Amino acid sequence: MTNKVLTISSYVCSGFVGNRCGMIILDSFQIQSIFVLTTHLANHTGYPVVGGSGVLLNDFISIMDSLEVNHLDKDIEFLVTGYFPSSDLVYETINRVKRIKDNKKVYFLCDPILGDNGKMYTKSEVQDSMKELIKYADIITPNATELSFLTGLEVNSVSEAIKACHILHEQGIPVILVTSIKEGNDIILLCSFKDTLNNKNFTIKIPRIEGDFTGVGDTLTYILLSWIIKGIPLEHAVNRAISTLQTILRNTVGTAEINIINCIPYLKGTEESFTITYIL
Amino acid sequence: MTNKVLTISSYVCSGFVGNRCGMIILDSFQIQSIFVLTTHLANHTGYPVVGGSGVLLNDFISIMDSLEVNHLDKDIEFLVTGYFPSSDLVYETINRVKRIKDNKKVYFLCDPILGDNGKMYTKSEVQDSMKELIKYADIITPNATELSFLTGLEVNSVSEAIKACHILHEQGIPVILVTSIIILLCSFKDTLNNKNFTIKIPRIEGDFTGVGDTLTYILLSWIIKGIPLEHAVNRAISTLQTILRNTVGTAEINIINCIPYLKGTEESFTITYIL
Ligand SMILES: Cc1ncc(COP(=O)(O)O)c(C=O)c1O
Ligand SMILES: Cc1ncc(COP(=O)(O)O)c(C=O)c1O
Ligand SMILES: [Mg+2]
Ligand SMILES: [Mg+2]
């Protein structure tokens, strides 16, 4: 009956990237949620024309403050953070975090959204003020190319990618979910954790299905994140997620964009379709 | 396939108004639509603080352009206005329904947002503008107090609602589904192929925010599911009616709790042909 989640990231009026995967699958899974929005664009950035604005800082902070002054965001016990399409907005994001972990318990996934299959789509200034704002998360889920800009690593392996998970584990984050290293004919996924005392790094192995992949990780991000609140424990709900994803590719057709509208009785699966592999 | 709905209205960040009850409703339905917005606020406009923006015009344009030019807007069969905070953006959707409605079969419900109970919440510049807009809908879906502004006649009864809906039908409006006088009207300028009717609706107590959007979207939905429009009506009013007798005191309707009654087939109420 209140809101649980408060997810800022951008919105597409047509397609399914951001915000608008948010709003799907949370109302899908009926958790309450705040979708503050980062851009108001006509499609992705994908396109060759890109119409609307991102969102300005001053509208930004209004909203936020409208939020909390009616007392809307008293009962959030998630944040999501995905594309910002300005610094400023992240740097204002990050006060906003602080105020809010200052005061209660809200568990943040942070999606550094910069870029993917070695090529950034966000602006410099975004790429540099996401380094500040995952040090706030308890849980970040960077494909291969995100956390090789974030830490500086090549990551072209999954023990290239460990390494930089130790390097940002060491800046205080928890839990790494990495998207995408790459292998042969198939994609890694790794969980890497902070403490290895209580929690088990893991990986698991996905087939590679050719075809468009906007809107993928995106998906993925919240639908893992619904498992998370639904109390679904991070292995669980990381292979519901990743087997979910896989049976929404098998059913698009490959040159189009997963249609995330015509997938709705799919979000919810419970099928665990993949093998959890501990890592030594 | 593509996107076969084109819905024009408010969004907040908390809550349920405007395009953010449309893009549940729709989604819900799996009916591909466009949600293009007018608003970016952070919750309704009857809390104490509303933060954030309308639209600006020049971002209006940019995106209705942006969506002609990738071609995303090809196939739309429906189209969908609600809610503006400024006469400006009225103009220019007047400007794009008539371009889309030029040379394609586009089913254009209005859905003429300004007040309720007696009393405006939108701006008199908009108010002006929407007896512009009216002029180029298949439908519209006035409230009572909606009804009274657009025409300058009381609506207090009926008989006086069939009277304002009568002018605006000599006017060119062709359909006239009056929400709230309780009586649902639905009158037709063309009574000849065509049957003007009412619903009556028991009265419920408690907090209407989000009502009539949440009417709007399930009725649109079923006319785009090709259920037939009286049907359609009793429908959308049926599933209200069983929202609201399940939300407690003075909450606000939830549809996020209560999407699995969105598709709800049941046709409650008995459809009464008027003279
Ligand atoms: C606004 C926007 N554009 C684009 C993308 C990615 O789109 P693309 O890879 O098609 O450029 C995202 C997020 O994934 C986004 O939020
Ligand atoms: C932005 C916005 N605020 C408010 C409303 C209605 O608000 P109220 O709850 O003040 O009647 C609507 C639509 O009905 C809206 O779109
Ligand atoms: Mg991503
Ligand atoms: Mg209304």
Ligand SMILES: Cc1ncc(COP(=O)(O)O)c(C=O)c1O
Given for the second form:
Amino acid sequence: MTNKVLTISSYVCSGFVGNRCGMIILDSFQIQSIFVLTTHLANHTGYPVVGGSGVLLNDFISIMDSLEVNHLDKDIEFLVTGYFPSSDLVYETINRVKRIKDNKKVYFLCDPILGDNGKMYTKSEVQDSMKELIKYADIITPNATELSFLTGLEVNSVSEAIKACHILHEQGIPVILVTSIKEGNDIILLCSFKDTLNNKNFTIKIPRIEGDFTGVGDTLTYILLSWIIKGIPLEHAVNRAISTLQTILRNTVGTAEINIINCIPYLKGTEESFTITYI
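Cool, the form deposited with this ligand bound is there; where's the form deposited without this ligand?
The next block holds one chain only.
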């Protein structure tokens, strides 16, 4: 028993976003992980009403200090960040990422959670701070809206997404997975590399299951991470993750929540249902 993953993201008491998605997925894959919360909310922000508060910086610091002093994060090989309610937590997380990476190799997946479908669901201060946090990541997983924000470019096509990714690669980010780009009633995912000598950029086209969930992206992030941790090459890890996500969505009745509890037995599916098209 040693902790392999540290993941810093939101929590909801009911339903499935952020670190609650993280918990279900990483538990099911039996990947021992630390789940540091950035919120304690009743439910996600889609509902008629929300209750609860974001985690305060002093408490976050107290937690991260406790993990370090008790050696509970000594053996972490992977780091994830997701939703932050305030920029002070983002900047503190940067400080912690720097320290974590200072004496060991840690693969940091930053899911730059800011909004979806053209619209932000984060504070404007958080957006700016996120432009700094992503610079420290090994891989980032923006949706098109998040990419557009992070770069100031429009992202309404694969061609546009490639141009925007390039801005971020120039800042040093090695790998960018753009998780949803709208094309007709298909969604396109793009995996873009800074080093296109030794890696090939690719896309995956999938049909749209007419939907809603922010838990969609969050679920994708953790399934993808799990397979990366299990040693599956990235192309294949992405194909598994999106494939499993599509199975989840077909098995989802409402649009309030992704049906992730009931699909736990299917989370480790190895089906790679889609075609990887290189650029």
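Basically, rigid core = biggest C-alpha set you can superpose within 1.5 Å across the two forms. Residue numbers count along the first chain shown, from 1.
Exercise. Core aligned, which of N58, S53, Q30, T255 has the Cα that shifts 2 angstroms or more between the two forms?
Worked result: The only residue crossing the 2 Å threshold is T255.
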